[PDB]
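The form deposited in one PDB entry is given below as one chain in structure tokens.
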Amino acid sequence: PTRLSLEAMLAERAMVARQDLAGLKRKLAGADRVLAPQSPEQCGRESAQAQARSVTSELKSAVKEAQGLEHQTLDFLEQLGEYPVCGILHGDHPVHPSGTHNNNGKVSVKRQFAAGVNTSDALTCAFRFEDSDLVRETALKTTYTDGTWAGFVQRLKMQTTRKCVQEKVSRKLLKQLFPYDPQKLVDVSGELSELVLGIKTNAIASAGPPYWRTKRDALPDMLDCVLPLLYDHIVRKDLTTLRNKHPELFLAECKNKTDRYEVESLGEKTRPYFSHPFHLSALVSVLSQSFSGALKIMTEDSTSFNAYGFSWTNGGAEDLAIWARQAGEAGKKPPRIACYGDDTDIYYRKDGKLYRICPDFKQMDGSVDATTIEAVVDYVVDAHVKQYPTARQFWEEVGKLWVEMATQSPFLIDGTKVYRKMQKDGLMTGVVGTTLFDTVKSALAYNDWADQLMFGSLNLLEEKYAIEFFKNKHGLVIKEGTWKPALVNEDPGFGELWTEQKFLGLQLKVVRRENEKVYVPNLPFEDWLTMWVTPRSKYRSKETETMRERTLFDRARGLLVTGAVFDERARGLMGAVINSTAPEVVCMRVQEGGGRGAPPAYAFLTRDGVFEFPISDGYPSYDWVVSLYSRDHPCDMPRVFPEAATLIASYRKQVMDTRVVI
């Protein structure tokens, strides 16, 4: 009687079983568990939480004080009038949801500066498996918060009133610094709906005005209502009429970015970003995302300054080293320069010796000139149009909107007053293409820096003159103390570092796989600990104690994969967290990661950004994590409970050989 195989029955049985924790607990009672390397227990649960709770209160006290500070006035921004709420309807309901973002018919919004900080669950784990003096110091240094009004306004002022230097950039120069594969460019000559449906974005992210919902809840309304309307006005050159009738259709929202902030500067620093209308962002994302997918990176073309698209896993970390060594003698041969937004990696040789530099830009978004922004939008639009000339007219018009969004969009801050930057200079952070805009601006400066080296200006290898140079000739602010070129260990031994410097937030280290060197990311334990005790997520009301224990497990796997596994103390910490996780929590059915578990928070592991754990009940072992960064990857992810898929099915392994003699 055929229907469903026995193996399928067991599988179907297990899937049902791991949805019942209480039952899952009994099924894994005496199950052979594989413990991961962990740190020894330092104190009990009670003390660990009490100490962790004490730190959190002291952090809220600091945040509370800073948030009480008076903030500067917004008289540095052009003040437009008040915008009326969009009366557009999508059949039965209005595109602008009634009862939200409305003040007597005028569009409104309210900035959120909460006192709440973190969950402190991860902090309890730290106090439990590490020295307290070290844990408390690290925890009190940084915190996850909404920031402060004072820091928000001050930071907004800085990136909207800075004197910029217009760049001398041409298509010839951009084709040289940022080469791409025309064949990888998306066919923009196709129908618009298909193109837009192809762009990727965060479903939870705000749709901006006039939707005031998630991009998921507002997707339909913008797709067969707002988009069509926008399109018809674009082709008829009648954008101005649509702007006057529905001002909110082009309104942006200036927001304070909740993030990890230094506690001793919460009152003078809170990064602002701009959230544009879904239909505008999604439309340009057709070009922006198309172009990034065609862009060659530093390790694919040694003439390219582009690091935007670089990833560590799959030999990627080794690629950096192999490419970095191509650096020539300062003054005689060209250096190696990789640009990834505000982040940059510089290599040069002095007397044959390889040196590395990892400078920081002090809020370079306020240094991005309109000439560079507009020259990039042209480079992108011209690239597509040069490939599919049948649609030149339309996308050139889109480039105009793209430039407006990046520099001169009207936005709300707090309340009902609408604002706008006095000057076109300065990049409005958050706009589609922010990473590219920063990269090109950064690359053009360093490309100039390289040219000066050839004249023999080897004094530009020094912080003093470097800082002076980037400020006068490019208007970029190199943070003092970040220009410290270090001698590079070109052939690291087992366990040795490339340099103690960072790129994309990580160090380059060499480890032993099996008689072979593997290049992998690494960080000091203090840095791993800082990220751990400072999860980017505030206390949610309905997050049960179970889903909370699972978050520790998933965050622990993530950090290990990012490189925490290559540090002793950090490895042990995540190891202690994983081993202290209940069996039913390790083998439960999770939703994140397509059921395979939430992926690492780090965004530069794979170029497509998509990292997926093999199984949800597996722990990151040293041999498995190394295989992610090696060019081979001949390794499966080990299970915390070997022989668990059977136990969940209420049966156990048993070999019954049919070859036996009777």
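Numbering follows the first chain given and starts at 1. In this text, rigid core is short for the largest set of C-alphas that superpose within 1.5 Å between two forms. First, how it differs from the form deposited in another entry.
Relative to the superposed core, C635 undergoes a C-alpha shift of no less than 2 Å between these two forms.
Relative to the larger rigid part, the smaller one turns by 20 degrees between these two forms, according to C-alpha superpositions.
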The other form holds:
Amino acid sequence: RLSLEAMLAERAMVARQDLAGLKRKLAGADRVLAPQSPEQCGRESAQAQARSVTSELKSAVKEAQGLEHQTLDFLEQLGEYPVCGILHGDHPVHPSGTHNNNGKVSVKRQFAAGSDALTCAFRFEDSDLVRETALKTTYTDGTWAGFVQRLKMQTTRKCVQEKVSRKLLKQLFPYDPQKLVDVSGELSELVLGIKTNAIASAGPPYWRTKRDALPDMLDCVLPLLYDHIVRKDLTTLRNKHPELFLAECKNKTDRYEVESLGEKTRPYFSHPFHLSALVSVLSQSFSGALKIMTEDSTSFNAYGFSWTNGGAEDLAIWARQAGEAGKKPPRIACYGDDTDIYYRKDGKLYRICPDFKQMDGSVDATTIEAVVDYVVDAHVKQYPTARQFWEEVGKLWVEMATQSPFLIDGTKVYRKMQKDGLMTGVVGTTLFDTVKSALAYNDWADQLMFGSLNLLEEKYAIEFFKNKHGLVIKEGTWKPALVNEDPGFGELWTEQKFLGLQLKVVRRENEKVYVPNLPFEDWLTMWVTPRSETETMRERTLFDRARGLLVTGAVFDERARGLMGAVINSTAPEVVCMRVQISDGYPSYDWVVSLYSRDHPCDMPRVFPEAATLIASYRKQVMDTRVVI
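Could you switch over to the form deposited in another entry, since the one displayed so far is the form deposited in one PDB entry?
There are no partners or other molecules in what follows, just the one chain.
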């Protein structure tokens, strides 16, 4: 049946899954060890210290979770919605058990309290530093109090309608028309082309993951929706089946400061799959086309930027051609509220990296409608035949971004009082944020051309954004700094962070490679707060995260490189060469430097160079058949 070559491939594939034999075969194998930091104490002592810290964190979190949460009076109320009765064959779309107290759609918000990574950290670095950094922040569900507080900040903020046109958006957000999907083709194929998180909630009315809910959305609800869209019949469908247009307001689990646990917890909105999917066609095509600022000088857009393969250097070469403030144009780039501003002053280059507080709450209805228009238009320009249909989708998109009815906890249904303010979680969220941001910063530069250079000062800039745009600058982020225009080996660009990373220069054979960087404390904080079950898979997760952080820029910090190296070298060979979804290479300093330089891509150095042959139990060995006998 099979050939020997194929039989060997077939047996190699299975050997990487037989971890007992992999462990047996790789015992005592030559191993390329990573640069590593010495161990400070034993794994058992380290477990004890980790256990201790985890306990302190659990009790502080529980404390903050017991705080009273201010009422939800600031939201309009639409009573209770009935459970959707739509059936797809043998089963209902809305499952029988879930999200239904009786008749009415209900929802229960999750705030729970309460690490192998913290253990490792205690194993390889100074106890007191690990302790205080692991107590500064924590990955958690947040608190009811801070949830409601940030929700109020983002649903009730006094906004300022922006002054925007397609002319302006063409200027600030150039794209490449020929990279837009052909949006006139059948809807089914177009929807089948979009990408999505298979594990994410499909939202109402499916109340399961998207891979679970895909057929029910696809052959049942989406055709009904289409029927009613072209029949101009949407509001009677909204009446017959309210749950089809309902969202769920949810608390984002992530890294939070512990001291601020009762003030800060991000809210976001889960939308129905059939609506998000429909809009995603346009959204994702547009993301496909959008140029970034290193490609096109007029662009204010950094959404699509990459640090790797020259990106850092590109950012530098871009920035450093900014003009004298008041005379020539500055260099401004935005990714959401995360902005990077460069400007000159008596020839000398300066940089500012400001953030905005609850940026969603500052995004105005005019801006949202203008962006939806700009996208739909960008498509129907290239593909006129479908104009009407997608315009009818635009009307939906906007009502989804500004005025969706939504659940929070239990059966009550709410809605934002004003049209202004973005419902974070809607398709296009990041783009709306980026746009509003760039529009404001463009008005800023325009005011600089009219001699208002006192807008370069914290004092007046805060006023400007508050009064002219409704943007609240997270204080202390407007601190302009002198740029080291041409850094020497090991020197920073500035100490400021853009997209969470400092820019730095490193030596490579007398060349200067621009790379990301952070101080050790930051890398260690990221190490000890992973975002999330055999011993094996956990050991592998440790390995993977170490590699990841190294690649992100931890290899360019002394202490962090040592810690990640120690983790890697602890990893048992079976776990390194394991079949996972294998890569059994580690990132050396040199390889990562190559990753960020413009070099052609290439594979990581193998941890066990001769592992393939040791596993397969067979080298090739040249045997000449032309030999004389």
